[PDB]
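Novice: Residues per chain are reported as follows:
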Amino acid sequence: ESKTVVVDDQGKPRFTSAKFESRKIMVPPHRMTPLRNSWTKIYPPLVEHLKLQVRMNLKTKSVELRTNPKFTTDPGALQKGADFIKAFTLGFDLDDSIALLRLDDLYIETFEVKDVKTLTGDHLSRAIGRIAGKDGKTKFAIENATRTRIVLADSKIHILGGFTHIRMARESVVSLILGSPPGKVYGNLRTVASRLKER
Amino acid sequence: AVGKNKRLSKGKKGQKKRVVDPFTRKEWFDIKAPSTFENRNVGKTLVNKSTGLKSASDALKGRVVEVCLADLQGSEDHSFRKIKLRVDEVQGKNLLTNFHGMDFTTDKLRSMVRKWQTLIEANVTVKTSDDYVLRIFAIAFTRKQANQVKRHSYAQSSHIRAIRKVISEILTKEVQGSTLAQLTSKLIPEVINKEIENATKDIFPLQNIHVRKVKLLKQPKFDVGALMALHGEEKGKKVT
Amino acid sequence: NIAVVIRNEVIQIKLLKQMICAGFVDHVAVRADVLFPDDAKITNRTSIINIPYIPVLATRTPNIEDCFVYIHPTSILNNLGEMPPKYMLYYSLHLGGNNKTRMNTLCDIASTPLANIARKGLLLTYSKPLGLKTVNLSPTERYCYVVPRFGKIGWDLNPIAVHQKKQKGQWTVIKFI
Amino acid sequence: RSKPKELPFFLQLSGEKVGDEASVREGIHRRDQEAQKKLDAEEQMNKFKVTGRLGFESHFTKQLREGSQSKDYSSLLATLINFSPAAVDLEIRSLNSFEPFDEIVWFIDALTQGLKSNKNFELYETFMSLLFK
Amino acid sequence: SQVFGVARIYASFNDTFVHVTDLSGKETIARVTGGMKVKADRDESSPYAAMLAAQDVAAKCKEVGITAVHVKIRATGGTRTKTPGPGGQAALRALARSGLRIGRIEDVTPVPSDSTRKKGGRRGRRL
Amino acid sequence: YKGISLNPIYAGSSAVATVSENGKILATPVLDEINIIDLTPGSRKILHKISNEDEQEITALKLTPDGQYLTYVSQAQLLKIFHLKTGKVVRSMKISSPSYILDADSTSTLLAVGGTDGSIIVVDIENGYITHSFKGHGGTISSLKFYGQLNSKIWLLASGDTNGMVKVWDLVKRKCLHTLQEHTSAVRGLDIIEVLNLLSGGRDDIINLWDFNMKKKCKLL
Amino acid sequence: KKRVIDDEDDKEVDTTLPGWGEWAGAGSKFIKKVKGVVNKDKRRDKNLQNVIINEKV
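Chains as they are written, first to last, in the authors' numbering: chain JJ, 67 to 84, 93 to 273; chain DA, 2 to 233, 238 to 245; chain JD, 1057 to 1065, 1074 to 1194, 1198 to 1218, 1226 to 1251; chain UU, 743 to 748, 756 to 777, 786 to 890; chain DO, 11 to 137; chain UM, 7 to 201, 209 to 234; chain UN, 772 to 800, 808 to 835.
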């Protein structure tokens, strides 16, 4: 930049004019086979719409997301990507987790049957049976009613959805855990569903 | 709530006016780690003031920072371990720190514990040659052979007890022959657990052998000379 | 300007000549058939004359509006031929030997560039809109194909699609298409 | 009455539509269609691209002009009556209204001359009404 | 080149703290709170609340001059639940968005080896 | 009942108030607006509220020594420069760093702004274009000071760090003319006085006077 | 004829997964063969000028 001061009227001066970030998230094994199976449908949304270099250290069973200083745009893209892969790891379907990418207001809440009420062995198995319902009819009813996705792990149960929606889903699920039969629970679901549809 | 309808409790009677400007009255100190690790300069901390050098020295004699060996050493593969350093001698903006403890990360512990194998936890209390009473927890998991067909790899209580005895005697022999600086130098590149494996290789094939945790319990009489040597004097500028 | 002090430093010929037109209006002219094109390629050797036959116009000058002119010999286009463009825009006219008028310096231009520049200027008195559609967005604003008049009289040009507005009782032009 | 009858990857949803009643309680496209309409206008505008050479001054307005020059509008009335209705409306609507008002004055004179002529009474009155419209 | 703090994100079940501290957790820098940014008490533990909370704390941290933070998220632990909630997730997203350099994420939730009884009673706590 | 409301003047935000050369003019940030008040003996009144946005608080504000321009940087990382005569926000531009130190020349022409990242930029006040940007040292800026006569050819910019560092830069040459590491803490204040002498107040305890020259002569006076 | 040759031929897919090796990202930066019905060289319609036989059927 060539350079000289010019002194204007009243003698005043005048001149002229003149970060890569990383994250790591591990994958359990029983969720490591399907990750390979549906991997080819996973990295395209990460790289094309988020501009986010990806990798899978299969020598440490982790997925590493790093954002380039120049190519990426949105700062939060990195965190949304980490959350998306994390949900897929916890055991959600790929398209569901993609929804978690698409929006910005989808969360995941987890808890456990012993967190609600201390159940031992065969009681706990019966309680998970009552949550699932025959052929998953109950869980599917809840998901369709409150517009969320529920996954039972062995005992951990995870719920993806909007905040108030997952609150309602948790509410019904906890009633099921304590022991209200699925008939009464389904009745309550249809009531809240009618109210939510009218609103 | 800061809402209008959140009715006043006994509560908001007499407040105090924000005039102190705390992070203008405060001050910045930088710390340094012992000479075993590779990056010795890690972060900075804050001291309430300097009007009481009593306050400055006392705060920084109580401090204890806690870093991750990845940050400390440059290799990202020590991500799961995490050490605790405590600073005890301070000089000229610059704090001298020594080893104080170890741990893993809860993620790594949950990651290692799987369902179709046995867990073994060994627990030994010892003292180094430096007179640092210490407590070490080790873990191991009974892995399975290359031609397993059995779903699980469970060890008998006999094999468990034998492996616990071997681990205890190895840990205590190592950290009684060692010194604390030498202890960290051993504990960095995962060598005690290489020994544990290489010793238990005939009882039962194990995996994920790790020195889970180290705990200080007693410390000897202080030694500023030892600290300065471990880290590997000054004049002023004639103010008038 | 950055770096306060001042130093001197395909080339888009279309814009270059558009600019030069913005300068050199109004002294415009259009070559007329047929003594100019290769009809006059006869019959001298090693030195051929293509008789310049070019009506000069400028509406601000209705007297010399539509007047035959012959080229200046000093021009590098001195009686040259087979040259594509049709309107030639000159610096200054002057009368010389054989009672013959000639232009000083030239630029070669065509319809829509003349249209752009005179539009930014004053001369283009447009026509009624014109089978081709003429959509009205609002009573004030419409699109339309118009043939402009660059003119005691002047010639016209090709039809142009134009985004013009009603205001103050006239259909003033906003932008071309 | 005779006009005929006739996605994004990053969604942007709101605090009530998703479960964000908190943002609701602290609650905090027509221009797009206008832009798209502009775009359609561009589309037909450059889709019709005939460069045939057409006269600047239309026959009707020219004929009106020399009618004004000669102070007699006989030919203008003849052609006006010979027009087709869609045409007549088109030109009367597409007259000019500048300051000098020359075109309107001439047309008014033509209509007055016709009513003096005592012929085509109905069409002269209706032309006058269309001009007033 | 930078300096690091530690952002301790306590996502309780019906509130949220975002407490930034220096290394060694002694010198607290900025502390905000759910209801404190949201004047109600249904919403004191809402993702919107935590979003505002984290935005303000990012402001105060940039005041003090700390550009990067490690993060230790946390749930209420104990005999109660043990996994960080939507409040903590929201705070984390908002802050990383706000553009402090996130260094290392951990979940320091106090998990009792062998807990005492929990508040519910034999019949079960909630509902 | 008829009611008249007294509103606070300097409230909330942690930014220093500012005045012109005459007490007649005072600027002051409430949490979101920037009160301007005419101080006249007896007839002390207000000029005009400015209410850009209630959300982001004003970070720092300067009022040019003549009551003509006001420049303020907000929590959103952008500077707004505002004409007082017309009473209107004339220009705005992002600065890529949350700035906290403003300094306007004695002449109403130049304004230097410095923020936490360490790079400081100095901008023409009348025309919203920065002259030149200084990468500078690595600590958060602590203060700035201009030096230049009303009609001269020498212009100096001294920048004080959170570290005990002060860099004196030329404006007609833009060189790190002298880099002075002398304090142990932040340089809260800065001042230039004519023969050259330099003043630097290191927040720790110290006030340093430097004998200084356009040439390499720079020693601790 | 070209269409049916390529249809009936033996395909060769690329089963590489971007990822597992290294960063397969926006900035910068495993093959198997399946037998078709007939290899191109065996079809009994080669050296036939105007014939198209479908070994598939």
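Hints are computed from structural coordinates only; laboratory data are not their basis.
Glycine is no exception: its CB is placed at the ideal position from the N, C-alpha and C atoms.
One or more hints might be untrue.
Below, in silico cross-link-like pairs of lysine-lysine (BS3-like), each with a Cα-Cα straight-line distance of 30 Å or less [what the hints assert, rightly or not]:
(1) UU:804 to JJ:213
(2) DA:18 to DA:5
(3) UU:794 to JD:1081
(4) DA:109 to DO:49
(5) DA:18 to UM:51
(6) JJ:133 to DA:14
(7) DO:82 to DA:14
(8) UU:766 to JJ:211
(9) UM:181 to DO:70
(10) JJ:98 to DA:195
(11) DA:85 to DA:174
(12) JD:1184 to JD:1200
(13) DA:55 to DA:109
(14) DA:45 to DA:33
(15) DO:70 to JJ:188
(16) UM:173 to JJ:78
(17) JJ:188 to JJ:115
(18) JD:1200 to UU:794
(19) UU:766 to JD:1200
(20) JD:1239 to UU:804
(21) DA:94 to UM:141
(22) UU:806 to JD:1240
(23) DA:27 to UM:181
(24) DO:82 to JJ:125
(25) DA:14 to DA:55
(26) JJ:258 to UU:804
(27) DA:85 to DO:49
Residues of chain JJ clear of chain UN, computed beta-carbon distances all greater than 12 Å [stated by the list, open to error]:
(28) 72
(29) 141
(30) 143
(31) 144
(32) 165
(33) 253
A few chain UU residues that face chain JD, going by a derived Cβ cut-off under 8 Å, partial list only [stated by the list, open to error]:
(34) 790
(35) 814
(36) 816
(37) 818
(38) 840
(39) 851
(40) 857
Novice: With reference to the structure, classify each hint as holding or not holding.
Specialist: Checked hints:
{"no.": "1", "hint": "UU:804 to JJ:213", "in the structure": "56 Å, violated"}
{"no.": "2", "hint": "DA:18 to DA:5", "in the structure": "22 Å, holds"}
{"no.": "3", "hint": "UU:794 to JD:1081", "in the structure": "35 Å, violated"}
{"no.": "4", "hint": "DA:109 to DO:49", "in the structure": "39 Å, violated"}
{"no.": "5", "hint": "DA:18 to UM:51", "in the structure": "27 Å, holds"}
{"no.": "6", "hint": "JJ:133 to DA:14", "in the structure": "61 Å, violated"}
{"no.": "7", "hint": "DO:82 to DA:14", "in the structure": "35 Å, violated"}
{"no.": "8", "hint": "UU:766 to JJ:211", "in the structure": "26 Å, holds"}
{"no.": "9", "hint": "UM:181 to DO:70", "in the structure": "33 Å, violated"}
{"no.": "10", "hint": "JJ:98 to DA:195", "in the structure": "26 Å, holds"}
{"no.": "11", "hint": "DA:85 to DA:174", "in the structure": "24 Å, holds"}
{"no.": "12", "hint": "JD:1184 to JD:1200", "in the structure": "25 Å, holds"}
{"no.": "13", "hint": "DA:55 to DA:109", "in the structure": "41 Å, violated"}
{"no.": "14", "hint": "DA:45 to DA:33", "in the structure": "9 Å, holds"}
{"no.": "15", "hint": "DO:70 to JJ:188", "in the structure": "40 Å, violated"}
{"no.": "16", "hint": "UM:173 to JJ:78", "in the structure": "24 Å, holds"}
{"no.": "17", "hint": "JJ:188 to JJ:115", "in the structure": "36 Å, violated"}
{"no.": "18", "hint": "JD:1200 to UU:794", "in the structure": "15 Å, holds"}
{"no.": "19", "hint": "UU:766 to JD:1200", "in the structure": "44 Å, violated"}
{"no.": "20", "hint": "JD:1239 to UU:804", "in the structure": "21 Å, holds"}
{"no.": "21", "hint": "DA:94 to UM:141", "in the structure": "26 Å, holds"}
{"no.": "22", "hint": "UU:806 to JD:1240", "in the structure": "24 Å, holds"}
{"no.": "23", "hint": "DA:27 to UM:181", "in the structure": "33 Å, violated"}
{"no.": "24", "hint": "DO:82 to JJ:125", "in the structure": "27 Å, holds"}
{"no.": "25", "hint": "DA:14 to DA:55", "in the structure": "35 Å, violated"}
{"no.": "26", "hint": "JJ:258 to UU:804", "in the structure": "65 Å, violated"}
{"no.": "27", "hint": "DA:85 to DO:49", "in the structure": "40 Å, violated"}
{"no.": "28", "hint": "72", "in the structure": "44 Å, holds"}
{"no.": "29", "hint": "141", "in the structure": "9 Å, violated"}
{"no.": "30", "hint": "143", "in the structure": "9 Å, violated"}
{"no.": "31", "hint": "144", "in the structure": "8 Å, violated"}
{"no.": "32", "hint": "165", "in the structure": "20 Å, holds"}
{"no.": "33", "hint": "253", "in the structure": "46 Å, holds"}
{"no.": "34", "hint": "790", "in the structure": "13 Å, violated"}
{"no.": "35", "hint": "814", "in the structure": "7 Å, holds"}
{"no.": "36", "hint": "816", "in the structure": "11 Å, violated"}
{"no.": "37", "hint": "818", "in the structure": "7 Å, holds"}
{"no.": "38", "hint": "840", "in the structure": "15 Å, violated"}
{"no.": "39", "hint": "851", "in the structure": "5 Å, holds"}
{"no.": "40", "hint": "857", "in the structure": "11 Å, violated"}
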